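Residues per chain, in single letters:
2 protein chains.
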Amino acid sequence: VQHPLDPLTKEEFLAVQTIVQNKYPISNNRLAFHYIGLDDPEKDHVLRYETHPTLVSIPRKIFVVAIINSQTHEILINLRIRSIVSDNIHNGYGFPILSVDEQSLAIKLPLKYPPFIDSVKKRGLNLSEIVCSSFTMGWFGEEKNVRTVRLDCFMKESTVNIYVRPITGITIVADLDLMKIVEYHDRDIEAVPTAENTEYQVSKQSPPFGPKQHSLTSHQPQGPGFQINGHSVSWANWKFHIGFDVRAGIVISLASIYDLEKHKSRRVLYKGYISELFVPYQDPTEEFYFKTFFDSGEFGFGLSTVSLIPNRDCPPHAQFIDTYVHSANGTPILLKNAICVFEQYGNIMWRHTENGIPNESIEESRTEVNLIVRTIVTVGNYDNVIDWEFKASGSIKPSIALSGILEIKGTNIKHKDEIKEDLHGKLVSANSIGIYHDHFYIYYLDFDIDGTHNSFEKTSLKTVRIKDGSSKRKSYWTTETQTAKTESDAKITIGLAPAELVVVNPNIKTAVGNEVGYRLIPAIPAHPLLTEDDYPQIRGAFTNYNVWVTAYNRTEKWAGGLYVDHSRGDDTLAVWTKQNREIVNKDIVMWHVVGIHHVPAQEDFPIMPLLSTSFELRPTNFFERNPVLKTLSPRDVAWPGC
Amino acid sequence: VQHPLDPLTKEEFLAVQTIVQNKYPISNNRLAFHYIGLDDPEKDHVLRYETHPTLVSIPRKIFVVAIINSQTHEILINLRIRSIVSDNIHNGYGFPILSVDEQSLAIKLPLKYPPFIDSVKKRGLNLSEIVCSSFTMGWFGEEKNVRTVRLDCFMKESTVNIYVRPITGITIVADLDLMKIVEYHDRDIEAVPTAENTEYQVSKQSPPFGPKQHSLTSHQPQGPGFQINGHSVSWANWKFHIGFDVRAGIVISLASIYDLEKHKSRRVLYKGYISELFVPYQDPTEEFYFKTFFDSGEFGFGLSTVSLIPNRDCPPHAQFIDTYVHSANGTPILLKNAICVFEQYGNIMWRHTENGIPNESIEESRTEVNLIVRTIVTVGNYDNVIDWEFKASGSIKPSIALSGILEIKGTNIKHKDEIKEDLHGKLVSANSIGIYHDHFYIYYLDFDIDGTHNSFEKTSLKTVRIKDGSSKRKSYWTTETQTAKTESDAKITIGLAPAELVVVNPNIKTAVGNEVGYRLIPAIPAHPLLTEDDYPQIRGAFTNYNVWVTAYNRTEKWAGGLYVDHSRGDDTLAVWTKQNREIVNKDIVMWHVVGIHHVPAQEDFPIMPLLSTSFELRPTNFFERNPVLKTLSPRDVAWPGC
Ligand SMILES: *[C@H]1O[C@H](CO)[C@@H](O[C@H]2O[C@H](CO)[C@@H](O)[C@H](O)[C@H]2NC(C)=O)[C@H](O)[C@H]1NC(C)=O
Ligand SMILES: *[C@H]1O[C@H](CO)[C@@H](O[C@H]2O[C@H](CO)[C@@H](O)[C@H](O)[C@H]2NC(C)=O)[C@H](O)[C@H]1NC(C)=O
Ligand SMILES: *[C@@H]1O[C@H](CO)[C@@H](O)[C@H](O)[C@H]1NC(C)=O
Ligand SMILES: *[C@@H]1O[C@H](CO)[C@@H](O)[C@H](O)[C@H]1NC(C)=O
Ligand SMILES: [Cu+2]
Ligand SMILES: [Cu+2]
Ligand SMILES: [Mn+2]
Ligand SMILES: [Mn+2]
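Note that the protein sequences, when read in sequence, are chains A and B. With positions in the first sequence counted from 1, the corresponding number in PDB author numbering is that position plus 5. With positions in the second sequence counted from 1, the corresponding number in PDB author numbering is that position plus 5.
Quick caveat, the hints were computed from the structure, so don't treat them as lab data. Beta carbons are placed, not taken as given, at the ideal position from N, Cα and C, and that holds for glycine. Warning: the hint list may mix true and false statements.
Keeping only pairs whose Cα atoms sit at most 25 Å apart, straight-line, the calculated DSS-like set for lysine-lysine is [what the hints assert, rightly or not]: (1) A:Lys217 <-> B:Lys269; (2) B:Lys269 <-> A:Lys269; (3) A:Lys472 <-> B:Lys269; (4) B:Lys402 <-> A:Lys402; (5) A:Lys267 <-> B:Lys421; (6) B:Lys269 <-> A:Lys161; (7) A:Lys490 <-> A:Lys467.
Non-contacting residues of chain B with respect to chain A, defined by C-beta distances greater than 12 Å in every case (computed) [claimed, not checked]: (8) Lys127; (9) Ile186; (10) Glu368; (11) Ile612; (12) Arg623.
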């Protein structure tokens with residue numbers, strides 16, 4: 006690797022396979038790799054390195070989670086000396102990220118199980134057109150610690166849209182270690198939604214089509230403004246490293262901006278990535294009570310990353326980056342076009358029309374070029390378009406867009422007239438209930454505002470009522486700034502009262518004496534609607550605040566715990582913060598939870614129009630004055646012609 | 006005029022001048038036109054004309070507000086017969102929108118005023134480099150009912166950035182009807198902030214510049230996809246009318262969408278515009294207690310609209326519409342490029358990657374072309390970028406962006422160290438305080454969902470606790486929809502608890518029986534921080550709820566009242582709704598309040614990076630299924646070459 010933070014290469018995937026198979030020969034052992042990823046270097050070594058590469062050496066260390074002969078091992082490898090340096094058995098609750106391989110075996114089980122075959126026949130369904138899927142099942146109080154999953158089955162006849170043609174009414178529990186159906190109950194017969202009008206491939210659709218969209222062509226006469234050197238980006242006044250992890254997906258690191266005025270590169274973000282998802286359904290019945298996915302932890306965001314379709318998921322001028330993931334046997338898989346980088350045009354950067362000076366016409370309007378780093382993660386029926394936008398103004402804008410297919414619950418109801426009771430969802434088509442659920446993302450934000458010693462300030466806006474008749478005004482508002490002293494102070498529920506949430510470096514001030522800082526401008530907040538004692542809410546307890554600030558700790562990385570499938574909520578962000586560390590003028594980290602409550606509607610069927618969300622990380626007294634005061638608009642070059 | 010709702014043409018302004026001048030000769034009368042606009046045709050006649058243009062005749066009627074020999078007349082002209090049909094004197098509180106002309110004379114007053122010339126010289130300032138501005142003063146309980154304003158002056162020597170070089174500490178009140186300084190107090194001597202680093206014109210700046218931004222060139226092989234016929238726009242599956250008022254600025258009307266599936270054009274929005282603004286400052290001192298602008302009512306949004314800079318305010322492919330405003334004497338003034346329309350590219354419309362079918366690889370990504378209708382209004386130091394975004398998916402997204410210059414208060418303080426009391430703002434530069442304040446906008450949205458008979462439903466999300474052990478889950482959430490019966494029912498504070506807010510046509514159902522509806526997806530809400538009894542708050546009481554729904558009334562149009570300068574808050578949306586009319590299944594209108602609490606930062610100075618805000622009006626069971634299921638991505642055509 007060019008850089009200590011670079012994603013694992015093919016070659017590295019292979020060395021790891023070899024080294025492990027050397028201690029666990031496959032003829033003598035059952036061996037499966039559930040996670041192979043970088044073991045995080047120590048921050049100071051990375052900080053030292055960056056200033057002196059040619060004279061700083063960091064050994065590449067890999068952390069492997071493998072199930073070997075039914076036991077979860079944690080193995081640390083030092084590829085500098087090609088050797089296992091640690092090998093331990095995980096004895097607490099929870100198992101690793103499922104593998105793709107195991108799920109592909111598991112979904113065939115029902116097709117050969119005799120009782121299922123009877124069930125299908127009883128229903129008159131063609132067995133040759135059934136596709137099944139594995140769903141995690143989490144934990145519900147029981148003492149048993151086994152790798153079970155529920156398998157759901159769907160008809161595929163004339164449509165590839167299988168999630169909208171569920172076979173509902175049957176419980177199927179499979180053990181992934183035995184690879185065996187261990188539980189079965191045909192509970193209910195429900196109609197299977199028709200296949201009519203569920204197709205989304207243009208190749209399978211017929212006229213009419215519309216409305217017509219006018220085409221376009223474009224060109225950057227000087228080519229892109231970013232330079233990618235290995236996994237290092239150079240663009241406008243920014244430099245940052247693009248990373249990739251099979252659990253986390255995209256990882257952004259080392260983001261710094263050059264201050265033209267101070268003539269200095271200044272640190273903003275050491276590292277940021279989504280650390281966990283949580284998609285809880287709201288059907289308490291046997292059909293769905295257990296469906297509350299933890300996508301990064303149970304399925305892997307990196308493993309679920311798809312290949313971007315050029316010109317569609319990214320605009321025609323985008324640059325793409327391929328990564329490598331691994332199979333259950335540790336083989337390197339190439340994921341082409343996993344990440345794209347592109348420049349976005351046409352936004353006003355700032356402007357002013359001055360009409361207030363007699364006999365004078367002054368006007369100024371300038372535009373900006375922004376940088377989008379995009380990746381897409383599809384976990385089953387769910388597509389997640391993940392964007393990191395960088396602006397020359399110093400602003401960072403992480404967003405998320407949702408597309409894909411509703412999880413349908415089949416029913417004999419064809420009209421809202423017939424509903425007698427709470428279906429736990431909406432009728433979006435004859436025989437189809439779009440079940441209510443939430444989508445929660447938790448971002449990990451290791452800000453190092455101009456260095457690592459930082460503090461978290463909450464500035465409240467408060468109304469002041471003038472009592473002494475010393476003004477014609479009866480009231481005004483003002484600000485009050487409190488510094489969070491401990492983790493318990495930095496647990497913020499957004500919406501309680503107006504406040505600005507700022508991360509400052511208390512040790513560095515502007516010429517006028519203001520602390521340098523960056524503020525979080527959040528989207529309208531979503532809050533959890535499950536009770537705090539419900540099992541999934543305990544396991545997903547990191548969603549209990551919109552914002553959390555913690556002392557940095559190299560091992561606190563996964564908000565729902567290192568082992569999430571079948572977890573008991575014993576290792577979440579909620580639990581770590583009970584230590585209540587000091588967070589004043591230290592290396593600190595911010596966590597922001599973004600969420601959406603989803604009430605399905607007919608327009609979401611059979612595939613869903615993008616729904617988007619976004620927050621902004623805005624420089625707040627970081628710069629002496631407007632940082633783009635001296636930035637010129639891109640020029641306008643006229644079209645060449647035919 | 007091609008259409009009943011078109012803006013007034015040049016010729017119409019002239020006929021109005023002539024007609025008023027025949028009854029009030031300017032040889033004998035002091036005549037000033039404060040407002041000349043369209044008197045709203047009746048909806049029924051407009052709806053009927055729509056279906057039989059060629060067989061329906063609507064007379065152009067004009068509403069004039071004129072100050073004549075100091076009395077305010079409300080004149081209604083019928084241009085069909087060319088005559089005044091009504092002429093009444095307004096005897097209540099409040100006055101018309103100020104005119105440009107009167108402000109230009111008021112600002113010269115301090116320069117000939119002995120007490121002021123002395124103030125200037127005591128401060129050592131050069132009187133030939135002073136510029137002044139008129140600020141409205143509202144009303145604070147007093148009995149007087151006069152047209153007074155405060156005057157504030159600024160140094161302009163080496164910079165055109167006058168708002169950041171205030172001469173602070175002097176009260177100056179002028180009466181606009183007598184045109185003279187009626188009150189004066191030199192209360193305080195404060196340093197005038199330096200001119201160094203305040204300039205924003207590239208023509209006045211010097212190196213260095215950066216970072217460099219790479220150019221672009223672009224092209225639409227088949228030209229734009231919108232057809233603008235008069236003020237009528239045809240684009241993709243949309244049809245709508247672009248209007249313009251000297252008070253309201255842009256008006257969107259008659260927005261219908263073609264439903265390819267139903268083979269029918271369906272009505273969404275009869276009319277929408279911003280009805281009023283409210284920019285309250287938070288300095289209770291004499292210097293500032295009265296500055297709480299009502300920009301549309303006091304200054305005129307159309308009268309403050311600037312000419313758009315091509316390729317800067319609008320991208321190179323944009324089309325421009327010119328309008329006409331009027332001077333104080335009624336003369337038509339041409340406003341070039343007051344409005345631009347352009348297509349936006351590169352967004353994903355919807356997508357799915359299917360990895361769940363064994364041995365099958367399915368993936369679909371389609372992109373959307375969106376329509377942006379933009380106009381910019383600058384009221385003083387403020388710039389407001391106002392966009393109406395339409396999508397083929399049926400979503401409308403109105404957005405507002407802010408840029409322009411901070412209102413500075415001068416101070417002798419150069420460092421935060423020196424601060425010893427609340428300065429009611431933040432030190433953003435030596436000697437310069439950016440005062441706290443808010444920005445509130447109130448949209449008028451006359452939704453006619455597939456027609457006029459509509460209801461308003463509030464769907465709240467309820468947590469349900471399982472007690473009876475009938476499930477492994479301890480809880481889930483569900484929905485409870487209530488129809489608002491009366492206006493008191495439709496006053497909404499967003500943030501108290503989750504709910505979807507939808508406007509439906511309870512008379513038209515989808516095939517599965519859902520009521521067609523559009524829902525409002527709001528930005529994070531700001532709430533008022535002034536007491537409800539404070540004067541500006543009473544006058545601006547329409548910001549007391551984030552959402553209001555009212556029975557349609559052709560005369561309820563301006564949320565802060567017909568007359569806003571010096572108003573006493575007796576004719577605002579808050580008062581009208583005291584009628585508490587019924588809103589179940591009738592012609593209703595929604596009012597949506599959008600706000601920002603501005604805590605200034607040094608990056609806002611000397612000019613401010615755009616700060617944007619947005620909301621979405623999303624189809625909700627309006628369509629049978631995803632309305633863009635059969636829409637194709639635009640063709641990517643390759644660049645020809647140099
Ligand atoms: C459903 O199962 C099979 C598989 O889909 C059906 O047959 C496929 O078989 C032929 C050979 O490949 C194709 O050319 C046919 O077009 C296709 N047939 C169908 C049904 O789609 C089979 O006939 C069906 N079985 C039942 C019980 O109807
Ligand atoms: C500041 O006010 C006047 C007006 O600007 C200053 O004089 C100017 O006029 C000169 C002759 O026409 C020009 O050559 C200068 O460039 C121009 N100066 C400026 C600042 O624009 C004058 O110097 C002043 N004098 C005092 C005593 O304050
Ligand atoms: C890392 O381990 C625990 C668990 O995450 C954490 O709370 C602790 O403070 C950290 N320990 C070190 C060595 O920093
Ligand atoms: C319109 O005028 C008043 C003021 O807005 C309103 O309250 C009333 O009910 C309406 N009158 C008519 C004729 O509908
Ligand atoms: Cu969803
Ligand atoms: Cu502001
Ligand atoms: Mn940190
Ligand atoms: Mn209506």
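Is the claim that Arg623 of chain B lies outside the interface with chain A correct, judged by CB distances over 12 Å? violated, 8 Å
Would you assess whether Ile186 of chain B, listed as outside the interface, keeps its beta-carbon beyond 12 Å of every beta-carbon in chain A? Holds, since 18 Å exceeds 12 Å.
Would you say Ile612 of chain B is clear of chain A, with no C-beta pair closer than or equal to 12 Å? violated, 6 Å
Taken at face value, is the distance from the CA of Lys269 of chain B to the CA of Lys472 of chain A at most 25 Å? The hint is violated at about 61 Å.
Quickly compare the C-alpha distance for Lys267 of chain A and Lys421 of chain B to 25 Å and report which way the hint goes. The given pair, whose Cα atoms are some 20 Å apart, holds under the 25 Å limit.
25 Å limit on alpha-carbon distance, applied to hinted pair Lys490 of chain A and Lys467 of chain A: holds, 21 Å
Is the hinted pair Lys269 of chain B and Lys269 of chain A satisfied, with a Cα-Cα distance of at most 25 Å? Outside the cut-off at roughly 61 Å; violated.
Hint check: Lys269 of chain B vs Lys161 of chain A, CA-CA at most 25 Å. Holds or violated? At roughly 33 Å apart (the allowed maximum being 25 Å), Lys161 of chain A and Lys269 of chain B break the hint.
Keeping to a limit of 25 Å between CA atoms, is the pair of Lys217 of chain A and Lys269 of chain B held or broken? holds, 17 Å
Verdict on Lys127 of chain B as a residue remote from chain A, using beta-carbon distances over 12 Å: holds, 25 Å
Under the criterion that the straight-line Cα-Cα distance not exceed 25 Å, is the pair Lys402 of chain B, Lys402 of chain A satisfied? holds, 19 Å
Least C-beta distance from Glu368 of chain B to chain A larger than 12 Å: violated, 6 Å
Of the numbered hints stated above, those contradicted by the structure are hints 2, 3, 6, 10, 11, 12, listed in ascending order.
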